[PDB]
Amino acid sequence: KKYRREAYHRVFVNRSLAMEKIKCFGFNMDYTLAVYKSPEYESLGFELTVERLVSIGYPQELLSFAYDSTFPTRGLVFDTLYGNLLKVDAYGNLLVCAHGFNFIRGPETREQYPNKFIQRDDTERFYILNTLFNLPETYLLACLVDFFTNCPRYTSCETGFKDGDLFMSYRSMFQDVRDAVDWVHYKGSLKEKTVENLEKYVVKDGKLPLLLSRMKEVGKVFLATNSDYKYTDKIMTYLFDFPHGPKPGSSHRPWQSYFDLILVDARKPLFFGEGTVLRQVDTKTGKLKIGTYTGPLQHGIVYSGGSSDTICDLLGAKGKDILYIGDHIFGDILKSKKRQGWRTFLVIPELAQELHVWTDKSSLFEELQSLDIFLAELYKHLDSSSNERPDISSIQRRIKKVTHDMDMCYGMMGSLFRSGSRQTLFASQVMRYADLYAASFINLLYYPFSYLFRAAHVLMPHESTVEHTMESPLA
């Protein structure tokens, strides 16, 4: 039995990585350093989207919607043609299909998805609700479908609803939701009401300055956020407001002092390709300077826009010397660039409450391995030369009821990573994108900066189920 950190502190390794060769730690801000509290933050976002939808003309019944965190799972696929929330596997196959709040079973899925299959490439048809900000709109969409479906004033249709002489399609409707969320995030009052009560909305943890401290003793540390500087200063100042610096008794110091480079208005994902013009920010006003200091790496400066390359020049680093910590899954379309890629630490908040299910619901996992063992015993001496057709309909039904019992410990749309046997599309892009992942980057605090992160083998069927311990010539 090999030693492993306690489960809640671990950094999970998809591809091996020698920490010693890391010269730079980069940081996302939103949902990486600034972990927005849950359900509270989603409920805020949700409410501001409903109100904005009502002001543009939506029916007042929407004001009755209250966000329910137990419904959405991140990563779902909205089908703007059929108004369905879909949980797909890595290869496009349906796992969960719910219309509004109505969960469709296998046989009925074949009416609209005759081969239980969607074409995820059809960017026109489907929208992947991949991001922690997409959480409220995921519930909102089910709500609106559930509402209009059950409200007498409207007639339900394959692709939407009839409202007298009018027709709101699930696709027209989805765009309203999408635009409203954009409006809430940009011209709206989300960042306003967030800053006006940070205790309510943003987690504060005092190990965060400690961790960034030791990072800077052994490497360079930078920040590259998409939010403007006025919003960053407010959120970063609160994350560092303690009556002491990194360790207690020591003097507090500004948050800018924990970074060798600070960049705002990055404009990710375009940041990683050509970029934008590299600007510098007057920190007094939070407004761009007209000129821009170009030269060596001196501090006090806050850069705006730019590109991933620009960061690499200023820090004096090759790509693979940069570990980049964040909450987003940047597509494999930037990996193509002949530039050296950044290493990756992906933050997946869900991980915490799912590692809980995994350790506290062990009774259900055991009941599954029992029926599985028992089922293999009923066939132990059966082959193609066997008449016998055992009765396994009730034990097949029990396996059906216990995985669903297990599926529901995660939420109404199940685990983020799997549904029963199959891995979800989301876990597929986690494995493709992320060298390292965990629930918070703060888990880096429990590993020496000399650590060797040796990845685990993702075993194939013939690899997990046969141990290392005359043949037909067809083999």
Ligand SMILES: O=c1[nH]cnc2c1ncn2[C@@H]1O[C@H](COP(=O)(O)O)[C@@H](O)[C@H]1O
The other form holds:
There are 4 protein chains.
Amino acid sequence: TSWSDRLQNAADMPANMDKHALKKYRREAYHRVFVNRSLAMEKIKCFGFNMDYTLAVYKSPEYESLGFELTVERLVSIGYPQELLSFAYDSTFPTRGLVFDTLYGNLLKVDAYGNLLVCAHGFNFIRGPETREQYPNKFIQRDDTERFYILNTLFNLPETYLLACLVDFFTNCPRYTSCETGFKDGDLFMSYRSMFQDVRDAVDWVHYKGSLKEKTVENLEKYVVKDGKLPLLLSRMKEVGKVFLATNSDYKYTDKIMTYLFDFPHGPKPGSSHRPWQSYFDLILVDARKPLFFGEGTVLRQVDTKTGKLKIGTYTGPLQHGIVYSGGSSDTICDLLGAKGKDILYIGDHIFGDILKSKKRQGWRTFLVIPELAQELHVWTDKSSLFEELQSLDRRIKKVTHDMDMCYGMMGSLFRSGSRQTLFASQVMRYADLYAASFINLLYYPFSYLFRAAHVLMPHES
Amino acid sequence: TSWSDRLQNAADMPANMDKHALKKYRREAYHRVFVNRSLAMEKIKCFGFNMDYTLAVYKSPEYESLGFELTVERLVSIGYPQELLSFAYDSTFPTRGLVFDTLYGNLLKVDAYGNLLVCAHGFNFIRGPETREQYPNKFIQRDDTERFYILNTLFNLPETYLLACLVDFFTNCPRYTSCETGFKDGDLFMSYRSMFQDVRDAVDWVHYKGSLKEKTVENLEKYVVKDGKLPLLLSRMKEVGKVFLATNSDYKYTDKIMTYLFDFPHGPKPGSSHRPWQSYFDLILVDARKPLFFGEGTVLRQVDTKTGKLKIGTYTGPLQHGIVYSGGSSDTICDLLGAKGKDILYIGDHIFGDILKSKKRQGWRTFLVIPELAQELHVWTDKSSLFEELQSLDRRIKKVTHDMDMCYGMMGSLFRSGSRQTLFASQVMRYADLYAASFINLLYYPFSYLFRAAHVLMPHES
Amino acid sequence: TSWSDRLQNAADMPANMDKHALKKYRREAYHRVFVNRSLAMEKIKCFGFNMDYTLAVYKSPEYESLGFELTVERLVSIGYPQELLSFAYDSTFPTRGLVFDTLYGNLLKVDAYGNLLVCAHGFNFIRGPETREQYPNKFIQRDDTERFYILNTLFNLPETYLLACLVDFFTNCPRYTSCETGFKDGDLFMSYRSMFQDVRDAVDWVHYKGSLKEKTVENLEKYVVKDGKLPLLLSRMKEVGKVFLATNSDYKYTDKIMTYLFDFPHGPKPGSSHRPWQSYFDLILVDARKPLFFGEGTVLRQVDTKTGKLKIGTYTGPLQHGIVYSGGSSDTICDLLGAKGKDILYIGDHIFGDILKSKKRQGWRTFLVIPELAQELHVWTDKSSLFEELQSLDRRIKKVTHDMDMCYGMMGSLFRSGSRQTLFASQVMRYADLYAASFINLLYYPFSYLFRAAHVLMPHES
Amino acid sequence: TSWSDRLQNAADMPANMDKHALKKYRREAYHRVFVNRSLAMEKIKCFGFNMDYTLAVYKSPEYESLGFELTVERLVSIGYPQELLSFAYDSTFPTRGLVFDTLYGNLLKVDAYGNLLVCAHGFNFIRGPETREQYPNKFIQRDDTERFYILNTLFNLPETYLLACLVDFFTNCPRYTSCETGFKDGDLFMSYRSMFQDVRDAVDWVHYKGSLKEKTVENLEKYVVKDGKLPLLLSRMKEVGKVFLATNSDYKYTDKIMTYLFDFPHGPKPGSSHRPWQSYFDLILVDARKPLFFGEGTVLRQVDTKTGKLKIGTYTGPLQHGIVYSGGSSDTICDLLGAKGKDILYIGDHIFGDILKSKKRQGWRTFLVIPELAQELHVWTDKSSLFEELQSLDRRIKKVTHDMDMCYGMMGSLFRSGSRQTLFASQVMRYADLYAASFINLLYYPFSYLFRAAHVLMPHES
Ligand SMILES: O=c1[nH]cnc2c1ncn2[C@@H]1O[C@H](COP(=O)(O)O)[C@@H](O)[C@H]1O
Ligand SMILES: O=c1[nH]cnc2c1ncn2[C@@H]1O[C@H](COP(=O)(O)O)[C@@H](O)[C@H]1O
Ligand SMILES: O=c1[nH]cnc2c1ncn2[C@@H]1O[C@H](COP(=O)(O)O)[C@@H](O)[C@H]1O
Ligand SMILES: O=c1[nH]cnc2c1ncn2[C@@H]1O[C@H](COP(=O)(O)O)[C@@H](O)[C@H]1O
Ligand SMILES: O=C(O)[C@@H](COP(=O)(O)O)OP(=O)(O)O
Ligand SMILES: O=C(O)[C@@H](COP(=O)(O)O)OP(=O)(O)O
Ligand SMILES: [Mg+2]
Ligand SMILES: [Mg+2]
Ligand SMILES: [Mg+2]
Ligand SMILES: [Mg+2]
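Given the form solved without inosinic acid above, I would also like to look at the protein as it appears in the form deposited with inosinic acid bound.
Let's see the whole complex now, leading with the same chain.
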């Protein structure tokens, strides 16, 4: 049972919009919206959405496993050895938010302060004394973005597993010699840094120039969660505010995925005429180039929707019905929709590119979708007595931590190793005002709900 | 009753080192060490200290008021009008941590997200609708360090008041015309930006080239809190670890202040021979240039203590008894003292230069000294029923906020406006593992105390 | 009669290596090597060559005209209007070395000081008073590389003509409105800057991703000058030194062009066995990335010549027989060939990327190939009495200038407008120790010839 | 006989303004204006002047020798050893335009291409084979401004000699150990780089904070060439155009030097009333900060001439009679005087800061004053048969070079070593349209003289 199975199960359920039925549904953790900071839903005038892994959640492990195959095939085709062809995606290995250390070739799970929670070299989990040889303070400086790359999005799950596979392969294949910073193959030296850059380029190539997009769209039911409650939520949003789409994808791919997402023999609810996906948005923006979009952006262009190409030049006109934009900046959205940052609830899956930057640069309200939450809630419930056991204790602590972490996968929970929160958890708490396994969870809260978090107090104020 | 009066009152008390007496003393909030993250004191192998506003706390309002006088006199001497001579420091106006907006000339108190809590133009406190003309989202982007300057240290209190004085003066003096971004005086235009830069340069000049240092040292009892419990704490630290001094000051000024701090007719405790301040430190480092010190630093130099000048060239030798260093980097300290970051407790007053950067770049443990805490605790206790009143309510909320804030000063508490925490409070909670009104508060905790904070839980984990 | 016709005519001649025959051949200007600074050929230990427009000279106007077609077709395919399909390359318009001003959309011919010699907007040649409206000092700052792009290589001839075509088209087509800095088309604004960037991207695309390479190689006799005296020159060079190839092209394209260049039923001279092009070089380097190659370069890679792909990793081995490199830096060549800069004669066609940078950064000796020289010599000879007329005079001067310039083309000679040298001429004189219509001209000078230039004297030394 | 003796001798002569007398005076090389590019004096509408070493030429060796003393005294006062007190300025050692190599501690004389003409380590002149150990291609990359500092102005003559003195001292004093890149003194390592930076800082300190200015002004006849023909030239310029002053000095120092320069009991010519120096300029600009002045400049300020301080704020008014400016940019001058670049003749002594940058960034016409030319002309005349001997020859060549160079000093002529022009000579030829031993030489040419240089021809055009 992947998280995307939980999501698709919930997606198959029709919406019961009775006030008491809604209220008891959002009792279950699966269907709750979680609050880091109070947000009064009546003050929200625009709802904005991202597409990939937000509106269009890809099925797991099938989609990761497709991207993994195509990235391997790309690497083999530029000269990596054929043995790579015998790797196969294992979803039980990668957890999201790991850090790849390009100097030494390790995947690290760290807390908000750069302290090491887990260190794996290939598939070899390194323990305290051995880690201290490479990390003498058991700490890394995350600001060293030339050395450390943070594998933040669900698109990075294939490459997280692939780096481990590759380091394991070259370490154990007797053609190569392992050195501190890479592999020697006769007179060629492959550093973990340039290996990492190859994987990163191959992933980029597969999305921009290979066959990932074509293969997804030819089998949409296989690859993409679909939910008849989406047009219902969006039309309800439109009754009280404006709705916008902002995606890093191009128009042609967005049109295919979005058409699929709305492909029901009805519109908002059973019995209603179907309407085109575009009719649900006051503003549609493609090729956004987030996070840059939240700074100086790029030039605002207009899409020619007949052909899927950009019209030539910068668009200088007003918002018109049926127009599709490309590029621009977050200011374009505020200006064309007449909104201030705090009037905007932006719903996205990318902790950095969607959530952190819209919050820090623009003061937008934020909703983080976390697809793995669908499954991590289920593990957190039926391992309560395991977390609670660890909680009491605070040697046996190291053992408890281990079997707690293992239920989630080899790299543990997305949110913690034992009693220590991950970097990713702190940034969720820090930047996401609201968060949930799915944005559909908003459907179960009334129009003007006040989401509440307890006021925060310093230690001396308590 | 300034905070420095509270501190000096506590400083006048001899140390009663009876176990039960220590224990009940640290019951009082004034004498407590507050914990943001757990810290096991037995794992600490080096204690490091900063000097200004940490070991050497300057008396308030007298020292701020001296710096204010000298900065005014500097500005008049380069051509500011003589009316400045009639400003006088008012300690009830500035709160620490304000932001000066150089575009529009406002002092702002903001939260961690850049939301506006208070906006003052000169001495005119701007309310919601008027602020929205210049701040349409009531939010500023703190990353815009060219526009916004954060007045973070206790050294900035004079200039915080001075900017307000200056904006008030030019606004109301009919020789000048007020524009959005500055003042017109015939054919001269003075922007708030270049006005701000003048004040900043004048402050710099007074510390580096004027008479602030000479006037402080000629009346040390007037300007500097002194405490016979300091050599006691430091000698106790030395029994279990190494002790180091790292200051941005030069040697000559440090020698004068430190000699004064230890000037008692005894050493660690009454009856013991006096010893030179230098004997209390394993390592003394001046001209540190923090925060840069916590990155690439500068070249390690050696002070000639006979003359107070640097010897020529880079010092390449080992740690020797009686040597005084200048410049270097935090790595110099780790290497010469044989420590890893987490073995180091660094005690400082500068949230950025001491605390944030040693934590983020190096993984040091951190103790933030907050001198105003001596007084803010006293206000927080006898206005409990005023905070608690506000707490219940959550119109009357706006009124409660106001009379809560006013008890602290015109710019409110250092930690909050009402129910909204300031930027400075969040960074304390974020970067300072421990914090107190004074580092002397450590004296009241046993050698191997475990400071405890409750493990943190996400909303879905609760 | 294009310059490539002159070159191919000379190429068809067999080499007569009799001492007196060589000597009288290099009497003719067509076959001379010209000297800016003295160079003693006996001190040269390595001869290095670039490939495109140096060893492999493309036929004119056919190759420019092919690149022009494909760039137009690329632009139409991303959305430029179909009328572009009716442009056709005119070789009489562009001269090499022009500057495109992206602010105002003009092509400029300038001197070494940035003074304007010619200004054309589309096909409209602007005269003094009108130019002064946009260039009030009749001068541009060439260091403003964001505004001004210098169209330096023979690869830029198509785009030089295309920019003029495009500016002429949009100016005269009544769908668009001409503004100072671009064209308005309803609510789209196309700036000359973003238009320029489109052309530049299209040219890049045609070379990297389109069909220019495939179409050249399928009709090599149509597109590329071939000369049986090339293997003769190279084998003679090899008798006295080392020979190397350094190209920005990839291996596969270099292998096709070079195989073609050596495709004769003989080797160095008639009667000798043919040998593979590779046997003529001590060192072959592809994907050089000049000019960066002359600074920090990139990582030295090794080509797999079976497949045409790079082997994985950085090459750490020595120079071996038959190995082909990719990337690296100029230091790689010095180290593997055991040369110092001044031992190296580097032969190239790119004034900046080949000549200027090897001279300034490394102290290499330089030979600039200037294909248009084949024809400009012919114009300079039979318009002697026209230059000489202008020379005497120094109103009629403006008229003489005009009909002098016109014999070369609409944008005049590559080297001057009348009595004023171009930027390109000064940089030739400044950076190219030697220069010629072809590097084959070296064949006509003995092994240890001393090329002589008169010592230079300041005005007060004369 | 220093060059300043030649200049002061010529300065003592009254002006004979008879047409035939002027004409035969400018026959002598001492009184000629030399032409690199043609300049029609009638097209010049503004004459601009720099002050130091242009209008105010300091006497040699006395002024260099004063700056040398004060820089030594500064270095000793921060801790350099007392032996420095026994250095004494030797004017026969330094030539202007040398390069200090901070890696190895050598002074180099180079040509325009970075080729080594002379290499001295302290006072030890290194010959070919020994130089090749540190410079294997006998070439340096001048663009490496972090390694190489070019000692371009007459203000740098003291420090050129001082670096040599210092390297000689530490090399031969047995307290220090010589390494490749500096000196070891026990546990202190002094690199040539940080030694160089000390000298540079000391020179800066002496000009900005020490006693050089005070000591010059208290003995103006000792330190500064004065010439009654200056007000005559300037008033004649004012009859046909505008005249401006632009200096890097402050107002107070400029007022003292300029008052001195005009201190005659008459104005333009004997018998005329004296007028204040300020009356000779349409525009006076101090604190120019050239070369930055020729790019974005700084904010235009107005000097308060009563006090010598800046008025507060940016000056927004027009040009008014009697106003003195500070800062600004070259555009300020063009706008306030209504000039285009080519209407401006700018007269300066700094090859980079005055001449190169006004020419390259703005298209100004340029006149370089070269005080040493007064003496180098005298050496060039009575060593004609020595240069001419070298000229014919082109072993004995190395010997001729040596005794040619020696007549100028230990570092040879400013313009050449033998038959090889220096960097400084090429930049004179490149950037200075006109040049002379003194700007007063303009007095001897009529109002509308056309200065002529022969049109330049490429080798293939000849
Ligand atoms: O690592 C990557 N390399 C290249 N493209 C990516 C990568 N990750 C996500 N994308 C693209 O980003 C787009 C989704 O962005 P979103 O709708 O704003 O979430 C999709 O079109 C993906 O192909
Ligand atoms: O704003 C300022 N301008 C110039 N110097 C300052 C300023 N604030 C603090 N200082 C200096 O910094 C030194 C104290 O640094 P600390 O011991 O590391 O806290 C003192 O010598 C102060 O003069
Ligand atoms: O403007 C251009 N855009 C992209 N590639 C270019 C351009 N101009 C030249 N090239 C490529 O540069 C290579 C030739 O470089 P060369 O042998 O070093 O002269 C050829 O493969 C060309 O395709
Ligand atoms: O190396 C130096 N360090 C500091 N000031 C210098 C130096 N060289 C020249 N100056 C100053 O520059 C001013 C002269 O600039 P000028 O009139 O524009 O030539 C004088 O006031 C000198 O003190
Ligand atoms: O969250 C971020 O964007 C930065 C800034 O945090 P503040 O400066 O806002 O504390 O923290 P980093 O990840 O570099 O530790
Ligand atoms: O003279 C200068 O300012 C630069 C530029 O010369 P061009 O680029 O104008 O040839 O030459 P450098 O001194 O760096 O060799
Ligand atoms: Mg997304
Ligand atoms: Mg401090
Ligand atoms: Mg080429
Ligand atoms: Mg000067």
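Positions refer to the first chain, counted from 1. C-alpha atoms forming the largest set that superposes within 1.5 Å between two forms make up the rigid core.
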> Quick one: with the rigid core lined up, which of 90, 210, 364, 355 moves its CA 2 Å or more between the two forms?
Replying inline: 364
> Fitting the rigid core first, would the Cα of residue 291 be found 2 Å or more away between the two forms?
Replying inline: yes
> Once the two forms are fit on the core, has residue 150 moved its CA by at least 2 Å between the two forms?
Replying inline: no
>> Once both forms sit on the same rigid core, is the C-alpha displacement of residue 340 at or above 2 Å between the two forms?
In response: yes
